[PDB]
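Engineer: Given next are the chains, with one letter for each unit.
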Amino acid sequence: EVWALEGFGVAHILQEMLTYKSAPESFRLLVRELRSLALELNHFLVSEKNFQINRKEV
Amino acid sequence: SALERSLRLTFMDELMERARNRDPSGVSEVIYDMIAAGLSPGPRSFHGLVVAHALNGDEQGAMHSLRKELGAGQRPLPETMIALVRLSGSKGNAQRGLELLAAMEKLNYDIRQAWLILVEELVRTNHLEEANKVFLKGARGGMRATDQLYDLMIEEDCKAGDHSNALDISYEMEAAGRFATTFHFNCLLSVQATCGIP
Amino acid sequence: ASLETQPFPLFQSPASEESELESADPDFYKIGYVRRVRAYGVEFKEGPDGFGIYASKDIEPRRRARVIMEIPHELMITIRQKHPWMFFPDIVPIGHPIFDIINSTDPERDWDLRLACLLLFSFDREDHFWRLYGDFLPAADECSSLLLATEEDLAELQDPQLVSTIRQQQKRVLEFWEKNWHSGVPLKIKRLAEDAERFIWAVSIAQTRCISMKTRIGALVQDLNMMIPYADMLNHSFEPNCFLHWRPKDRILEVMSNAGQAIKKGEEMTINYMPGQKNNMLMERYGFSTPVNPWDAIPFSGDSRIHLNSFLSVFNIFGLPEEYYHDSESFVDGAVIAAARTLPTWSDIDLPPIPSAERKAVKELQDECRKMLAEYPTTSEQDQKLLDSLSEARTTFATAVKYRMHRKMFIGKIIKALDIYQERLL
Amino acid sequence: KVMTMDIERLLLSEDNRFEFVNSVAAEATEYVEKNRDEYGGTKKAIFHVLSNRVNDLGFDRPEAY
Ligand SMILES: C[S@@+](CC[C@H](N)C(=O)[O-])C[C@H]1O[C@@H](n2cnc3c(N)ncnc32)[C@H](O)[C@@H]1O
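Residue numbers (this note's numbering), protein chains in the order written: chain A, 1 to 58; chain B, 1 to 198; chain C, 1 to 426; chain D, 1 to 65.
Keep in mind that the hints were calculated from the coordinates and are not lab data. Cβ atoms here follow ideal geometry from the backbone N, Cα and C, with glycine treated the same way.
Computed from the model, here is a short list of chain C residues facing chain B with C-beta under 8 Å:
{"hint": "1", "residue": "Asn309"}
{"hint": "2", "residue": "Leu351"}
{"hint": "3", "residue": "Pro352"}
{"hint": "4", "residue": "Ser356"}
With the hints as extra help, turn the sequences into a complete structure.
Structural biologist: Quick look at the structure:
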């Protein structure tokens with residue numbers, strides 16, 4: 001169904017179905033378990049305006 | 001008829017002569033003389049007074065002459081507003097620029113040329129940060145700058161490294177239908193290359 | 001009604017000889033409506049000056065531009081603007097002699113000859129829409145384009161450079177016809193234009209009705225010169241209420257009423273054929289002139305000059321020189337905007353105009369304009385008389401008279417503008 | 001019933017279906033920001049955007065048809 005929804009490009013429904021209908025807390029779980037394996041899954045986003053490397057809340 | 005016309009003629013000629021000589025005290029003399037002649041309304045006369053102040057940079061005197069002509073007169077002719085906005089942008093005073101440009105809304109005059117002048121003079125006066133403020137707030141207001149002004153402002157921003165505004169102006173330029181050329185992307189890349197994040 | 005032949009525009013309206021906008025023959029719209037043309041809120045009306053589009057209802061303002069017409073691509077004719085000639089209705093069979101003739105045109109000088117070849121072939125191609133539409137094109141005696149004029153008219157044109165350019169155009173067209181309709185051509189070419197008059201007519205129509213646009217045909221972004229059978233009925237204006245636009249998904253030419261503009265029942269729907277061309281260019285190509293032409297020019301050589309910014313403000317003209325417009329804030333019109341673009345003028349950062357020396361300059365330029373008027377043998381209103389009553393409505397001659405009259409009327413408006421500018425400078 | 005033809009008309013009007021739908025979402029969220037009437041009963045902001053846009057196309061449809 002994810003493959004079908006993203007085939008339609010209807011990606012805001014896909015976002016709804018995969019996040020707030022139940023970073024997302026399950027990605028928090030993913031990063032926390034890898035961080036528990038002693039791997040830093042580190043999420044950054046780069047300001048287009050300022051090139052500042054904003055670390056995401058993870 | 002011809003009496004009033006010749007009085008108007010000679011009085012406004014000696015006023016304009018004082019104004020070109022940047023003598024606003026003289027212009028005030030001729031205002032008083034025309035009031036004594038009963039020629040009380042006259043937009044050209046207060047335009048002469050404002051340009052007499054502006055040519056010597058008397059921002060306060062220019063605003064005083066504006067307050068005179070609005071408070072005890074009639075709507076100013078466009079060159080009055082344009083000249084006082086130019087005196088702002090050439091002096092700095094960008095807040096006064098925006099305040100008067102917003103006050104131009106109430107005359108129904110074309111704001112485009114005055115805003116272009118304000119931006120251009122601010123850039124020429126190296127008042128780039130507030131020039132960016134007035135430009136972006138105009139573009140978000142849906143006004144289109146002249147192409148020369150986009151090109152100059154982008155180039156000067158990128159020389160200043162102000163990509164935070166250069167990219168935004170480039171988006172507004174695209175939204176205005178001026179497609180970004182290799183020059184504009186070269187200007188953006190000149191600053192982007194500095195970030196160390198290729 | 002997907003058949004029939006010979007529908008025509010009732011000639012009751014072109015009967016002005018004894019001395020105004022009746023509806024066009026309903027079949028004129030029907031032949032389009034049966035072929036997915038749609039007119040929204042507009043009506044074809046038939047004056048002695050031919051067809052026009054007029055709003056049949058008050059149209060409220062809208063936030064986006066509002067559609068007023070849809071013409072489907074299948075009814076159009078197109079030539080590629082650039083060398084590799086292709087036809088997107090693709091009327092012309094592969095290897096038809098028409099392709100050899102059309103190739104023998106200059107890539108950029110003879111686009112009108114190419115369009116004329118297509119127009120004639122589309123009158124020969126049965127059950128092409130223009131087989132029916134050609135009856136509504138102006139015949140050789142009622143077309144305004146000066147390619148149908150002769151020296152009897154051009155003597156009345158009194159504009160030797162434009163006379164020379166019209167003569168060169170006619171020479172070029174007739175030389176092309178003589179070269180490519182010689183007796184050796186197939187019947188399927190000789191029947192297109194068996195005489196010079198048919199070809200010069202076709203070229204005059206191609207010139208007066210050629211729209212050109214950048215368009216997208218599927219994937220291909222391309223430059224086309226094209227004929228659109230209901231957008232070519234729009235009349236010119238330099239203050240147009242409409243513009244043409246292209247939809248590539250369904251290949252529709254929209255005619256769009258401008259965003260934020262209200263329009264009134266009986267208002268003429270007009271477009272800006274070519275923006276920024278002097279009246280002599282509109283005579284050269286289209287075959288008409290307009291007195292409010294805001295790009296017209298005057299051969300001034302005076303060292304007298306007027307304060308441009310004060311000339312603007314006294315007439316409340318606004319915008320940059322490419323942009324000059326007038327607002328509600330009443331004789332000010334396109335001719336005064338042309339004046340601001342044309343008068344010998346000076347400007348300075350803030351310096352005021354000399355109230356005396358500007359009157360001196362006004363007097364000098366007014367006497368220059370007066371001697372320019374004096375270079376014609378007659379005043380404007382003599383041509384107005386020669387148009388409110390006229391011997392035979394000879395369309396090319398009446399067009400030349402309209403040209404001369406417009407120019408004089410213009411210079412008159414220049415005089416009046418300088419007078420009112422001086423008076424209103426107080 | 002008919003409203004999807006208007007949708008198709010607007011889909012035919014706009015040069016990118018995804019950009020059109022983005023513009024509709026933008027128009028609806030700015031509508032529900034510039035006006036704070038609840039406007040959530042039998043008529044919906046999406047249908048309102050489609051109605052206003054087809055009215056710009058000149059077509060006689062009422063708000064939310
Ligand atoms: C695009 S063609 C339209 C054909 C025209 N409606 C007819 O009856 O054949 C433009 C023609 O309309 C006329 N025309 C164009 N602009 C005009 C104007 N501003 N005022 C009056 N007539 C105009 C001229 O005769 C010109 O040849």
